[PDB]
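> Residues per chain, in single letters:
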Amino acid sequence: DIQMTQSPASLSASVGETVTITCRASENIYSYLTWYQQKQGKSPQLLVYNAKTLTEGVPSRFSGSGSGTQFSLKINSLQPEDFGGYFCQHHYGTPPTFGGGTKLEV
Amino acid sequence: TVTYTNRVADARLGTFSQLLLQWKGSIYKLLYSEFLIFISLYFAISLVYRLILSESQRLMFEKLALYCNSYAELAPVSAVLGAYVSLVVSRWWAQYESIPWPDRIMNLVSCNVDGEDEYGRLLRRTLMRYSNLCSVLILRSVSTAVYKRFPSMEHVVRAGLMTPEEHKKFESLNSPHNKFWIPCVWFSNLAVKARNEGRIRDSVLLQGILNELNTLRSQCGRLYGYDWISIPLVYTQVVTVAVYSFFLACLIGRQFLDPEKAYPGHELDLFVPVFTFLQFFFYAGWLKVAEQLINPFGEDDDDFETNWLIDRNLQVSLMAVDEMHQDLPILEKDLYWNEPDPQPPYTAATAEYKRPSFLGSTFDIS
Amino acid sequence: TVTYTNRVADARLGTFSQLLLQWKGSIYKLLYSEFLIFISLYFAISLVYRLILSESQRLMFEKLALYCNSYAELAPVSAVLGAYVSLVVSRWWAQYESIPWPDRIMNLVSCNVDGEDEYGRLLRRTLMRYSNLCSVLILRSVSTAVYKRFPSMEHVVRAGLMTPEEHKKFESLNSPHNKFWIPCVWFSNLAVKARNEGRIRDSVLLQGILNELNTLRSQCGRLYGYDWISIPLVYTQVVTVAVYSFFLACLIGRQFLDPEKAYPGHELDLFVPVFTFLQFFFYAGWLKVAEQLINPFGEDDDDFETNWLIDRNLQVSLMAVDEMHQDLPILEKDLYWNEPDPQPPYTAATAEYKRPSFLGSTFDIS
Amino acid sequence: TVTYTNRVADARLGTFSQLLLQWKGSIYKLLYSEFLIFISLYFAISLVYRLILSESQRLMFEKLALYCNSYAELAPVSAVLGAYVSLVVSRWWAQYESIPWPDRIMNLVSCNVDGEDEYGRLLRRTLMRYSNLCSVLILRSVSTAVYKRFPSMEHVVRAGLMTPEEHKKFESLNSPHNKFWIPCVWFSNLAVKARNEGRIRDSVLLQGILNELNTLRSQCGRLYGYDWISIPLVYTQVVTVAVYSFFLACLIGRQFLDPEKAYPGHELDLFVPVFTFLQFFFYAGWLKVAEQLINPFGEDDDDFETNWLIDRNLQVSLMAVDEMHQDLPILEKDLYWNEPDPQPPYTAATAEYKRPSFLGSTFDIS
Amino acid sequence: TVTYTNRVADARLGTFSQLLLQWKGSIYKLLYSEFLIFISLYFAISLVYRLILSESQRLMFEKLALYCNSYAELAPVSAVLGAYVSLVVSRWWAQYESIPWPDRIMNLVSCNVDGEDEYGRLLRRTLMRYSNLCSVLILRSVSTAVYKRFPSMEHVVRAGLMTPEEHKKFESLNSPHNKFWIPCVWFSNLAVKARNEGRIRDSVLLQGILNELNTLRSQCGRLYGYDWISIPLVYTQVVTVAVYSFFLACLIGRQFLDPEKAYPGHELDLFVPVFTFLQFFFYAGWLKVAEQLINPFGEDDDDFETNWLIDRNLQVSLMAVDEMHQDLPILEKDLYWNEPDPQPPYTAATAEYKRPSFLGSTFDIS
Amino acid sequence: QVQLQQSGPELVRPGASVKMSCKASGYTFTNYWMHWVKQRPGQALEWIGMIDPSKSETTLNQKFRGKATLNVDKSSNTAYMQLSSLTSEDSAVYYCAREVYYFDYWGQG
Ligand SMILES: [Ca+2]
Ligand SMILES: [Ca+2]
Ligand SMILES: [Ca+2]
Ligand SMILES: [Ca+2]
Ligand SMILES: [Ca+2]
Ligand SMILES: [Cl-]
Ligand SMILES: [Cl-]
Ligand SMILES: [Cl-]
Ligand SMILES: [Cl-]
Ligand SMILES: [Cl-]
Ligand SMILES: [Cl-]
Ligand SMILES: [Cl-]
Ligand SMILES: [Cl-]
Ligand SMILES: [Cl-]
Ligand SMILES: [Cl-]
Ligand SMILES: [Cl-]
Ligand SMILES: [Cl-]
Ligand SMILES: [K+]
Ligand SMILES: [K+]
Ligand SMILES: [K+]
Ligand SMILES: [K+]
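Residue numbers (the authors' numbering), protein chains in the order written: chain L, 1 to 106; chain C, 2 to 367; chain B, 2 to 367; chain D, 2 to 367; chain E, 2 to 367; chain M, 1 to 109.
A couple of the hints might just be wrong.
Claimed, not checked - Listed next, with one range per pair, are the computed distances between beta-carbon atoms:
(1) E:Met320 to B:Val242: 53 to 63 Å
(2) C:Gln19 to M:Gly26: 30 to 40 Å
(3) B:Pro233 to D:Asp342: 38 to 48 Å
(4) E:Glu324 to B:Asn308: 48 to 58 Å
(5) D:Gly199 to B:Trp229: 30 to 40 Å
Stated by the list, open to error - Take a look, some chain E residues computed to stay more than 12 Å from chain D by CB distance:
(6) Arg13
(7) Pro233
(8) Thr277
(9) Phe283
Unchecked claim - Below, a list of computed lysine-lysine pairs in the DSS-like style, where the Cα atoms sit at most 30 Å apart:
(10) D:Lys334 to E:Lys149
(11) M:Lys74 to D:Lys180
(12) M:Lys23 to B:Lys355
(13) C:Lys334 to L:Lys52
(14) M:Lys19 to L:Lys39
(15) D:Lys30 to M:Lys63
(16) C:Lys149 to B:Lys262
(17) C:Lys334 to E:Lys170
(18) D:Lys262 to E:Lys262
(19) L:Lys39 to M:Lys63
(20) L:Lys103 to M:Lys55
(21) M:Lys67 to L:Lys39
(22) D:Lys334 to E:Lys169
(23) C:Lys334 to D:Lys180
(24) B:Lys262 to C:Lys262
(25) B:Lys355 to D:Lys170
(26) D:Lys180 to M:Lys55
By construction, these hints were calculated from the structure, which means they are not laboratory data. Beta carbons: idealized from backbone N, C-alpha and C, even for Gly.
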C-alpha cells in the first residue's frame with residue numbers, strides 16, 4: 001500500500017491570509033494526486049486533480065504543486081468559504097489511499 | 002461476423018470451455034443434420050445386429066465390423082483435412098483484406114479537391130460515390146448476401162448508390178463483361194477533369210488520388226479472382242471422400258460387438274459409442290470449418306458482414322469529403338505544451354500497466 | 002475455370018456431398034484410366050490366386066501378400082504428398098495473380114493521354130494494344146491453350162493483336178531470345194513521345210504511366226519464371242515413387258486371403274476391396290490435384306481460362322481509353338445529398354443483415 | 002511483454018531448462034486451475050475404484066478403463082492443435098506489426114512543416130496529436146488494457162490526448178460508426194491548410210506526409226479487422242472438443258488397474274500417472290498458447306504492452322517535431338575524415354568478432 | 002556466419018556426409034554437455050540395475066522400464082518441435098532481412114547532395130553517419146555481440162560513430178525511451194537544411210532521400226520488435242517439457258532388460274543403446290536448432306556477424322558519398338558497340354553452360 | 001448533470017447484513033468505474049473497492065475482503081454495496097464516487 005501523510009492536522013488563519021497544506025507519498029506516485037474540499041456534513045468536492053490541474057468550479061486562488069513524493073495545496077487570499085476540511089488522495093494504483101485530513105479553522 | 006474477441010481476451014479457467022455453450026455459428030448448428038443421420042444409421046445397424054441377425058449372421062457381421070474398423074484410420078484424414086482447411090483459411094483471410102475500404106481515398110479527396118461551394122461539394126461527393134459504386138458492383142457479384150439485396154441494377158439505383166443518369170451511361174457502354182470496372186474509369190476521368198477546372202492543384206496530388214483508386218481496383222480484382230478461381234474441385238472431392246470413407250468405416254466398425262465372444266478390443270458393451278461420436282464432431286466439425294469458410298461472402302453465421310460494410314462506408318465516405326472538407330476544430334495548445342516528458346494518467350484498474358521503457362535485451366536492468 | 006463458388010456459398014447439409022455428383026474437372030474424370038488399370042491388375046491377381054495357384058503356391062502367395070501388405074503404409078506417402086501438393090497449390094495461385102490485367106494502366110491512359118481527335122484516339126488505342134501485346138506474347142509462350150490459338154506470329158497479326166507494320170518492326174529487331182518484352186519497350190517510348198507532343202501534361206503523370214507498365218512487365222516475368230523454373234524433377238519423381246510403391250504393395254497385400262487359414266487380419270472375404278479402392282481414390286486423386294495444377298496454363302478442366310481473359314481484356318481495354326476518354330455521365334446530386342446518415346433500403350430477404358455498427362470488442366454492447 | 006530474449010541469446014547448457022523455473026507468463030500460471038481439477042478428478046476416480054467398487058464393479062471399471070484408454074490418441078489432437086496454434090501465432094505477429102508507430106510521420110512533420118514561431122510549433126504538435134489520437138482511439142476499441150484506462154471519451158480528453166474543442170468537433174460529426182478515422186481526416190485537412198499557409202513548400206512534400214498518414218490509417222484498419230473478424234468459432238470449438246476428448250479418455254483410461262489381474266500394459270501400479278500428467282502439461286499448455294495469443298491486446302502476462310506504447314509514442318512524437326525541429330548538433334568532421342578504410346576498435350571481450358570480409362562462396366579463401 | 006554454401010554447391014556423393022565431420026557451429030558442440038549428462042544418467046541407472054538391485058527389485062525395475070518405454074513416443078514431440086522450430090526459423094530469417102544496409106540511401110546521398118567543396122563533403126559524410134548511427138544504436142540494443150563492443154555511449158563516441166557534439170545534443174534531448182530514433186530525425190532535418198542551402202535541387206529528390214531513410218527506420222523498428230516481442234514463454238516451455246518428457250522416459254524405458262526373462266522387445270542386451278543415443282542427437286539437436294536461432298544476435302557460432310556488418314557498412318558508406326561523389330571512370334565505347342547480338346566468351350570449363358534461349362514450354366524445340 | 005443518489009440511512013442489529021444503493025444519472029453509467037468510500041469520524045477515508053459497470057468486475061480492498069460485496073444493475077443505472085456480519089465498527093458514512101483519474105462526483109452519503 002502507498003501511505004499518504006498529510007500535515008498540518010489543523011491550521012488556523014483569518015480571511016486574506018495564504019495557507020499551504022502538504023501531502024507526502026510513501027513512494028513515487030508521479031503527478032497522480034488529487035485534492036478534495038469537504039465541509040462538515042457534506043460530501044467531499046474535487047479541487048485539484050493530476051497534482052496541478054484545477055477542476056471546473058475551483059477559483060484561481062487555489063493552486064497545487066509537487067510531484068513524486070512531495071505535494072502541496074496552496075490557498076492564497078483566503079475567503080469565508082475556504083474554511084473547512086481538506087484532504088488528498090493518490091491515484092497511482094489500488095487501493096487509492098486517502099490523506100489524514102486538515103481542519104482549516106478561523 | 003460472429004465476434005467473441007472480447008470473451009477470449011484473457012487466458013482464464015474457462016476461456017475456451019465457455020465457448021462450447023454458444024450456438025450462433027457453432028459446431029452444433031453446422032453439424033446438426035449430419036450428426037442426426039450418423040446417429041440414426043449407427044443405432045439402426047445396432048438394432049439389426051442385436052435383434053434381427055441370426056447367430057450365424059451375427060458372426061459374419063462381427064467379422065465385417067472387424068474389417069471396417071481396421072480401416073477407420075484418421076491419420077490419413079488428418080493429413081488431407083489439415084492441409085485443405087489450411088488452404089481454405091488462407092484464402093478466407095485474403096478475401097477479407099481484399100474488401101475495399103474508402104478511408105485512404107476518402108482522406109485524399111476530402112482535403113485535395115478544392116471548393117467550399119456547391120460544385121466543390123458535388124464534385125467531392127460524386128468522386129466518393131464512384132468508388133463506392135465500383136465496390137457495390139463487385140460485392141453484389143461475389144456475395145449472395147449482397148446480391149439478394151441488389152438483385153438487379155435497378156435496386157442499386159433505387160438504393161441511392163447510382164444515379165439514373167449514371168445507369169443510362171452505364172447501359173450506353175456496350176460490353177459483354179462485368180462492368181464493375183466502369184465507375185473506376187469514371188473516377189479517373191472525373192478526377193482529371195477536376196484538375197483541369199483548377200479544383201486539384203498539382204499533378205502530384207492528382208496522381209496520388211489516382212494511385213489510391215488503382216489500389217481499390219486491385220482490391221476488386223482480388224475479390225473477382227477468389228470468386229472465379231474456386232479451389233480445384235478434385236481437391237475438394239478428395240477430402241470429402243477421405244472423411245466419408247472414415248465415417249463409413251465407423252458406421253460398422255465401431256458397432257459394439259458381442260462381449261461374450263471376447264473379441265480383442267471389444268470387451269465392453271456401452272450401446273452408445275461415446276468416443277466415436279466425439280470423433281465425429283471432431284472430423285465432421287473440422288470439415289465444416291472449410292465448408293463454411295470456402296465462400297466467406299455467403300449467408301453463414303461466420304460469413305462476412307458485407308451489407309453492413311456497404312452501409313458504414315456510404316455514411317462515412319460522404320461525411321468525410323463533405324461536412325469535413327477543410328473543416329477542422331479550433332487549434333489549441335495541447336495539455337503537454339510545456340511538458341517535454343508527459344506522464345498521462347492511469348485509472349485505478351490500469352496502474353499496474355505503467356511500465357518502465359524497454360531499452361533492449363542487452364542492457365542491464367538497474 | 003470450373004467455378005462452383007455459388008454452390009458452396011453456405012454450409013448446409015449437402016454442401017460438399019453434392020459436389021461428388023459432378024463430372025467436369027472431377028476426381029472420376031482424372032482417375033478413370035488409372036483406376037481401371039488398378040481394378041484389372043487386382044482382380045487379375047485375385048483370379049490367379051483363387052483359380053490357378055496350387056495349394057502349395059497359394060501358401061507362398063499368402064506369405065507374399067502378408068509381406069506386401071506390411072509395406073502399404075500411407076503415413077510416409079501422406080507426408081511427402083501433402084508437402085508436394087502444397088508447393089504446387091502455392092505456385093498455382095501465384096501464377097494466377099501473375100496474369101496481367103490492363104485495368105490499372107487502362108485507367109491512367111484513358112484519363113491522362115489528352116485529345117478528343119483521331120490522333121488522341123489512335124494514341125490511346127495504340128498504347129493499350131502495346132500492353133495487350135506484351136501479354137498475348139508471353140501467354141502464348143507459357144499456355145498450350147493460347148499457343149494452339151496463336152501457333153505462329155502470323156496468327157497474332159491476323160487476329161488483330163499486332164499490326165503488320167508492328168510485325169515488320171518486330172522482325173527487324175534481331176534477338177535470339179523471346180521478344181515478349183518488345184511491346185513493353187515500344188509503350189515507354191510511345192508514352193514519352195506522347196508527352197513531348199503535349200498529349201501528356203507533366204512527367205509526374207508520365208512516370209505514373211511508366212510505373213504501371215513496369216508492373217505489367219514484372220507480371221510477365223513471373224509467368225516466364227514459373228514456366229521456365231519447373232518444380233525440380235527429382236522432387237516430382239520422389240512423390241510418384243512413394244505413391245506407386247504404396248499401390249504396388251496394395252496390389253498384392255490387399256488381396257483377400259483364404260478365410261479358412263484364419264490369418265490375423267484376414268477373417269472375411271468380400272472379393273471386392275472396398276476400403277482399398279477408397280484409399281486409391283484418396284491418394285491417386287490427391288496426386289491428381291498436383292498433377293492438374295502443376296501447369297495451370299494447360300488444357301485441363303480446372304486450368305486457367307487464358308483465352309477468355311485475352312478476349313475480355315481486348316474488349317474492355319480499348320473501350321475504356323476510346324469511347325470513355327473524358328466521357329462522363331451527367332453530374333447529379335446524389336440521393337443522399339441532404340442526408341448525413343443514409344439508411345439504404347434492404348430487400349425483404351436481406352433485412353436480417355442490417356446490423357448495428359461494430360464498435361470494438363472492448364465496448365459494452367448496450 | 003514477457004521478454005526473455007537476453008536469457009536465450011546463446012545456446013548453452015541450460016538455455017531452455019532455466020526457463021522452466023520462471024512463473025510470469027509461464028505454463029504453470031496458465032494451467033494451475035485446470036491441472037488441479039484434472040488431478041482431483043483423477044485421484045477421486047482412483048479412490049472410488051480402490052476403496053468403493055466391489056470385486057464385480059472393479060471388473061467393469063477395468064473393462065471401461067481399457068475402452069477409454071484405447072481412445073486417448075494424441076495423433077489427431079496434435080494435428081488440429083498444431084494447425085490451430087499456427088493460425089493463432091500467425092495472426093498474433095500480424096497484429097503486433099499492425100500497431101502504428103509515429104516515427105515515419107514524425108520524421109516528415111518534424112522537418113517539412115516550416116516555422117520556428119509559436120504557430121509553426123502549434124502546427125507540428127497538433128499534426129502529431131491527430132496521429133496519436135487516430136491510434137489511441139483504435140487501441141481503446143481493441144485492447145481491454147487500454148479501454149480500462151480510457152473507458153469513456155472523457156478519459157481521453159482529461160489524459161491530454163484530445164482537446165475539449167476537438168471533442169466538441171468530434172461530437173458535432175454525426176455518425177453511428179467508430180470515429181477512430183476522424184483524426185486521420187483532420188490531419189489531411191490540417192496538412193493541406195498548412196501547405197496553403199506556405200508552411201509546406203511543395204506538393205511532393207505534402208503528398209509524402211499524406212502517404213505516411215494513409216499507411217497509419219491502414220495500420221488502424223488491420224487492428225480493427227483482427228478484432229472484428231475472430232477466428233471462426235466452429236474452428237475454436239473443434240480444437241477444444243478434441244483436446245477435452247483426450248483428457249476425458251485419460252481420466253478413466255489412464256487409471257492404474259489391478260496389477261494382479263495382469264492386464265497387458267498395466268503391470269505396474271504407481272498411483273500417480275507421471276507421464277499422463279506430463280502429457281496434460283504438454284497438450285493443455287499447448288492449447289494455452291492459443292488461448293493466450295488469440296487476443297494479444299488483453300491483460301495476459303504475454304499480451305502486448307499497449308499502454309506503454311501509447312506513453313512512449315506521445316513523449317517521442319511531440320519531442321521530435323517540437324524541440325527537434327530544424328535543431329541539429331554542431332556539424333564536425335568525423336573521426337575518419339581522412340581515413341578511407343576505417344578500423345573501428347573492439348573491446349577486449351569482442352575482438353574475436355572482427356572477421357575478414359565475406360566476399361562470396363565462390364572465391365578461394367587464401 | 003558459419004557459411005558452408007560452397008561445400009554444398011553440388012549434389013555429389015558426400016555433399017551432406019562431409020558436413021558431419023565439421024565442429025564449428027555443429028550439433029556436437031551444441032549438444033556436448035547435455036549428451037554427457039544423458040550418457041552418465043543412463044549408464045548410472047544401468048549399473049544400479051545390473052550390480053545393485055536384488056532379484057526382486059530387478060523385477061520391479063523391469064516392470065518400471067516397460068512402463069516408461071511405453072511413454073517414449075516421438076510422434077507428439079515431432080509435432081510440437083517441428084512447429085516451434087519452424088516459427089523460430091521464420092523469425093530468424095525475418096530478423097536477418099531487418100538488418101539495415103546503407104546501400105540504398107548511400108546511392109542517393111552520393112549523387113543528389115551537391116558540392117565538390119569541403120562543405121559538400123562534410124554534408125554527405127554527416128548524412129551517412131546519421132544513418133549508420135541510427136543502426137549502431139539499435140544493434141547495440143539487440144545484439145549481445147555488439148553491446149559487449151559498445152557497452153556505453155562513450156564507446157560509440159570513441160569508436161568514431163558519433164561526435165562529442167552529437168553526444169552532447171543526444172544528452173540534451175530529455176527522453177526516458179531508447180533514443181535510437183534520434184539520428185533518424187537529425188538526418189531528415191539535415192537533409193532539409195541541405196535542400197534549403199541549395200545542395201539538393203528539387204523536392205522530388207529530397208523526398209526520395211527521406212523515403213529511403215524512413216525505410217531504414219522501419220528496419221530498425223523490426224529489429225526492436227523481434228527483440229522486444231519474444232516467442233511466448235509458455236510456448237517455449239511446452240516444447241522443452243515435451244522433449245524432456247521423452248528423454249525422461251528413455252532414461253529408464255530404454256534400459257537393456259534381462260535377456261533371460263525374455264521380455265517381448267528386449268531379446269538382446271547390447272549394454273550401449275545405439276539407436277536411443279541416435280534419437281537423442283536427433284531430438285536434442287533438433288531442439289538446439291531453435292535454441293540457437295531463437296536469438297540470432299547472440300554470440301553463437303551461427304548467430305549473425307553483426308560487428309563485421311557495422312565495420313563493412315561504415316567503410317563502404319563514407320567511401321561512396323565522399324571519394325565517389327560525381328567521380329566516374331572515363332566513358333568509353335563498349336566492346337560490343339557495333340555488335341547487336343554479342344556472344345560473350347566462355348572459359349574451357351564453362352562452355353557446356355552456353356545454352357540456347359528458353360523461349361517457352363509451348364514452343365516446339367526444333 | 002452528473003448526480004449520484006444513494007439510499008437512505010440504515011439501522012441494523014449486530015451480525016445482520018445491509019445493502020445500500022447508489023443511482024447514477026447524467027452520464028454513461030458503464031463507461032466510468034464506481035468506487036465506494038467509508039467515512040468514520042476521527043479516522044481517515046477508507047477505500048472499500050471499485051466495480052466495473054460493464055463486466056461487473058470487482059476489485060476490493062484487502063481490509064474489506066470478507067465484509068463488502070459489490071455489484072451493479074446496468075439496466076437501472078444503480079450500483080450496490082453489501083456489508084455482512086455487521087458490528088459496531090461497521091457504523092459510518094458510505095459514499096459512492098465516479099472515477100475519471102479522480103473522484104469528481106460523490107453521493108450524498
Ligand atoms: Ca460460406
Ligand atoms: Ca494442367
Ligand atoms: Ca543465439
Ligand atoms: Ca490474451
Ligand atoms: Ca546445387
Ligand atoms: Cl490412424
Ligand atoms: Cl487489377
Ligand atoms: Cl466409441
Ligand atoms: Cl502407416
Ligand atoms: Cl521483371
Ligand atoms: Cl479392402
Ligand atoms: Cl495416436
Ligand atoms: Cl484501410
Ligand atoms: Cl501415466
Ligand atoms: Cl509415437
Ligand atoms: Cl516504424
Ligand atoms: Cl537403443
Ligand atoms: K479452458
Ligand atoms: K456434408
Ligand atoms: K537445455
Ligand atoms: K550423401
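> Given the hint that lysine 74 of chain M pairs with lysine 180 of chain D, test it: the Cα-Cα distance must not exceed 30 Å.
holds (25 Å)
> Note whether the CB distance of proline 233 of chain B and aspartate 342 of chain D lies within 38 to 48 Å or breaks it.
Holds: the Cβ-Cβ distance is about 43 Å, inside 38 to 48 Å.
> Holds or violated: are the alpha carbons of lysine 334 of chain C and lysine 52 of chain L at most 30 Å from each other?
holds (17 Å)
> Could you say whether the range 53 to 63 Å given as a hint is met by the Cβ separation of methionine 320 of chain E and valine 242 of chain B?
Given a distance of about 54 Å, which is inside 53 to 63 Å, the answer is holds.
> Hinted pair, alpha-carbon criterion (30 Å max): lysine 262 of chain B, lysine 262 of chain C. Please report holds or violated.
Satisfied, since the Cα-Cα distance of roughly 20 Å is no more than 30 Å.
> When you check the alpha-carbon spacing of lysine 39 of chain L and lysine 63 of chain M, does it fall within 30 Å?
Answer holds: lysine 39 of chain L to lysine 63 of chain M is near 27 Å, not above 30 Å.
> Take a quick look at whether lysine 23 of chain M and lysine 355 of chain B sit within 30 Å of each other, Cα to Cα.
The hint is violated at about 34 Å.
> Verify that the Cβ of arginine 13 of chain E lies farther than 12 Å from every Cβ atom of chain D, and report whether the claim holds or is violated.
holds (16 Å)
> Has the hinted range 30 to 40 Å been met by the Cβ atoms of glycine 199 of chain D and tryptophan 229 of chain B?
violated (55 Å)
> Against the 30 Å threshold, does the CA-CA distance of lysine 103 of chain L and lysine 55 of chain M hold or violate the hint?
violated (39 Å)
> Beyond 12 Å from chain D, beta-carbon-wise, is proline 233 of chain E?
Incorrect as stated: the minimum Cβ-Cβ distance to chain D is 5 Å, not above 12 Å.
> Against chain D, does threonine 277 of chain E keep a CB gap of more than 12 Å to every residue?
holds (17 Å)
Figure legend: structure checked against the earlier numbered hints; hints not met, in rising order: 5, 7, 12, 16, 20.
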